[PDB]
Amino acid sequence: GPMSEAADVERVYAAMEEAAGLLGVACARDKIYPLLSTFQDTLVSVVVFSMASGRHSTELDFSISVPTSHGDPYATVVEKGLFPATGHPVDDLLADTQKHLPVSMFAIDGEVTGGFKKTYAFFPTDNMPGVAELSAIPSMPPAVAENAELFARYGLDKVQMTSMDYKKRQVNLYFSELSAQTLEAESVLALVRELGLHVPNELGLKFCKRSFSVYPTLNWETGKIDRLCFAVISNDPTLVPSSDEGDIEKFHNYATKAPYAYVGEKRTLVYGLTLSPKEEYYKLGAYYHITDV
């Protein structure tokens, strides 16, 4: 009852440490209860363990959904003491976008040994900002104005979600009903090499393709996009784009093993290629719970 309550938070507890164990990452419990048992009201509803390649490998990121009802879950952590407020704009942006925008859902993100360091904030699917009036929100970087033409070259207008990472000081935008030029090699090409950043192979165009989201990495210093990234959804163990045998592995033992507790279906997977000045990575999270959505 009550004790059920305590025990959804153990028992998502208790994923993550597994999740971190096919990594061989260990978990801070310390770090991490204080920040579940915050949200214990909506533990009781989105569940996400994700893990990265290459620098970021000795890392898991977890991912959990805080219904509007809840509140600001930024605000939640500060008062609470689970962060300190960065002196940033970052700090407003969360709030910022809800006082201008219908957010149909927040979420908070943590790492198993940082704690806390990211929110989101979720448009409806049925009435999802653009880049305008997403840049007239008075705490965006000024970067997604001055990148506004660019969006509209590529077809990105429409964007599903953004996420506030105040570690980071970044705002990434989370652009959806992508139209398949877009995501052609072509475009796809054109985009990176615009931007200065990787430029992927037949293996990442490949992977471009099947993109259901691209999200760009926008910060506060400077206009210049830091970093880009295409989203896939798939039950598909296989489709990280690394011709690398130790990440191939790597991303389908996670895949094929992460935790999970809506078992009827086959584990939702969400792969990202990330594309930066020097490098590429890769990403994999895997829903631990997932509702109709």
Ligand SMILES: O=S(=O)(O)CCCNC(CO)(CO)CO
The other form holds:
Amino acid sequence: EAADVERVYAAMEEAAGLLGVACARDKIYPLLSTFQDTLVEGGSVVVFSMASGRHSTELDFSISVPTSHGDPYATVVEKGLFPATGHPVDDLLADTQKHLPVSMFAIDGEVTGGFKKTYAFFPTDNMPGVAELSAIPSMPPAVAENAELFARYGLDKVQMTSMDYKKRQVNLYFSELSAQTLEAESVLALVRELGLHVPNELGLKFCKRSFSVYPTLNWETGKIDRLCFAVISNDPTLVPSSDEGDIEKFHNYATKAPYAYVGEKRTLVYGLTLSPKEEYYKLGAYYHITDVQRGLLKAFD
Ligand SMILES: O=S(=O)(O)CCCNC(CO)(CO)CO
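Now show me the form solved in complex with the named molecule, since the one above was the form deposited without the named molecule.
Now the full complex is given, and it begins with the chain already shown.
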């Protein structure tokens, strides 16, 4: 409703404020208004995320959208909020719902740049494997071409995918991760084969605690762009960095980010991203949570 739109935008401004980032109202309000029906507390998931290093001047936001509301990408294009890219990514969200059971969607953007991404969630008890995903016509060929590698490291079931319309990239969020997969030996071998930044002791300890792992792929080459390990927790001190600046800044955000569910501790999702040239950190502070997050905390925190 109107009040919800205002409440969520005010929260977004508060979160961005902690990072010294200013929101572009003209790029955000129309989007929130368009999806105002999803902003009611309960059943909704909203996350405001910060990052380290060269990615620190931006605040990302992600808002869940029920499938009943319809393809959110189709919505933003038809309403004139975003231009079709003319590339296969334009058809991926639709093709995913066509070929696989999608249980929920999500829209995502940057507070200074606006809408730029969608997510497709799959049922936890009926998740697709790399084979099913590689069959989708508009999926990057890189998914099928890295199938042998994924299998070798136990990256099988995918809980959700995300599509970045501006960068023309796809993330595969692997779940039901085996202990073996997250053991140091496995992680090091994987990063080695992908030619990504080698994590140290602190980084590997963080990887072992992960509940989700996601590589980023593209349509131009079969090479994986980067790999991210995610950790969910109520502990505000987990950023896997030795930098005093990061330690202080992430803890500050973790203990001051806005949240509507007072009476419970803030739900936090940390990320450790490994690219060919470096490693960086992310922290998503949930403004809205559901029982999915409560269950994850009991299982992983
Ligand atoms: O490989 S990179 O680090 O250049 C691209 C990833 C940056 N993405 C954010 C959003 O998902 C935004 O700045 C993450 O922090």
